[PDB]
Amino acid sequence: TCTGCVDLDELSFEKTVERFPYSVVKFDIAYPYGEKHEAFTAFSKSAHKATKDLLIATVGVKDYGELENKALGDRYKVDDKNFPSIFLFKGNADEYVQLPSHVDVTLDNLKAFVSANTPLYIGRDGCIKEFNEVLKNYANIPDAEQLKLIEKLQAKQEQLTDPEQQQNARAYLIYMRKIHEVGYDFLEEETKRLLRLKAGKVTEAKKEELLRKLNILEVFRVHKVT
């Protein structure tokens, strides 16, 4: 299927959607693959890191054959012409919004579809929303402000529980410290390092970590330095 996606059928569908605050469900071919499904996969992974309240699910509809989930495609008025079709539910299989048929299925667009329609926000992997808010043009604030930002965020660092997020905050703190010490030259250096490392010998978990670092690194970019 896709990682962290829950594939639902006519018996599980409503009863599962009805247990979650929000659900985003991709109705598609029973054996989906291709750019759009990969984008929904990436979105499942990002969503799952970003929220506690959002079910990411798929329903595979088989037309001809001994039919699978055709009731569901019928209920939601989606068939071979519409796929993949993205629905967003809010606890009630009868109340939903459907991603406009003209919107490209990309991670970015799926993430905006959720934010446009729920209070949830799915940031970039590695980013910590709290940190971000206090970090814009960190690289242009005075050394003493920077030094202040470092002590506060280092406090939230140890108020955080999830390993992923604890690693993320440590990268933020490292970058604050480097950018405090080296100035903005740091960005390009760290970028080149992370990219050479990503384009080298490393695992599944390895390239994700490096991407999370890059996304965290991006927060510290400014349009002019001063």
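Just so we're on the same page, rigid core means the largest C-alpha set that superposes within 1.5 Å between forms. Positions refer to the first chain, counted from 1. What changes on going to the form deposited in another entry:
- With the rigid core aligned between the two forms, only one of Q98, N132, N117, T106 has a CA shift of 2 Å or more: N132.
- The rotation of the smaller rigid part against the larger one between the two forms comes to 32 degrees.
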The other form holds:
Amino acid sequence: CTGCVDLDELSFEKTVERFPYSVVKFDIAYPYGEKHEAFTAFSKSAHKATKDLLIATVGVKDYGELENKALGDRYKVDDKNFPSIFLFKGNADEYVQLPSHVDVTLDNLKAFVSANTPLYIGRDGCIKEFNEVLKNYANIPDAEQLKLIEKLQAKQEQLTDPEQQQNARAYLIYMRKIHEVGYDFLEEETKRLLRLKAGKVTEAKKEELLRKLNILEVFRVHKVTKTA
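What would the structure be for the form deposited in another entry, given that what you showed me was the form deposited in one PDB entry?
Below: the lone chain, stripped of partners and molecules.
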């Protein structure tokens, strides 16, 4: 899969022991089907979020000389219950296995990581470095919102990643609209977005409305503090 590093007997221990955290799927050789695709979707989203995570696969598939059987055997897994998901904390030795009763899904995969690490794979659309400075945005003074608008605008102009650049535009538009009209903007843009989402939409268009609603969610406050 994309971003997934496939490992073997020679490279596995050495590669896992070079990243602070590793998520490995053991499965047949040449994997396919829905669980492998959920792992593929996990691998892409995990890269979007993190510097520090190895996403990796090991093929076992026992029909020949037996590639990687000894590696599956180290971690006690079996053609009989593939896929098996392991999370390692920096060496081949400190690992947690995803419970077999747990469906291998994007959602469970992300939960598996933050459950067991200081890593956080964020919501599709979020930019951690924008989120880090925008708590309570709607409630802070005109003058600080204006300087946050200026600080994030300069950050936006230095982003090198295409999806980050697009997601930043939506942060800045929300920032500016909230500064201009106040907390009532949240409800207006939620109603706008949710009306489109409740339409007949493609998978790809849904995802992109979800990116905006997750960005928008950043700006919700628990209480309204600032004079409207």
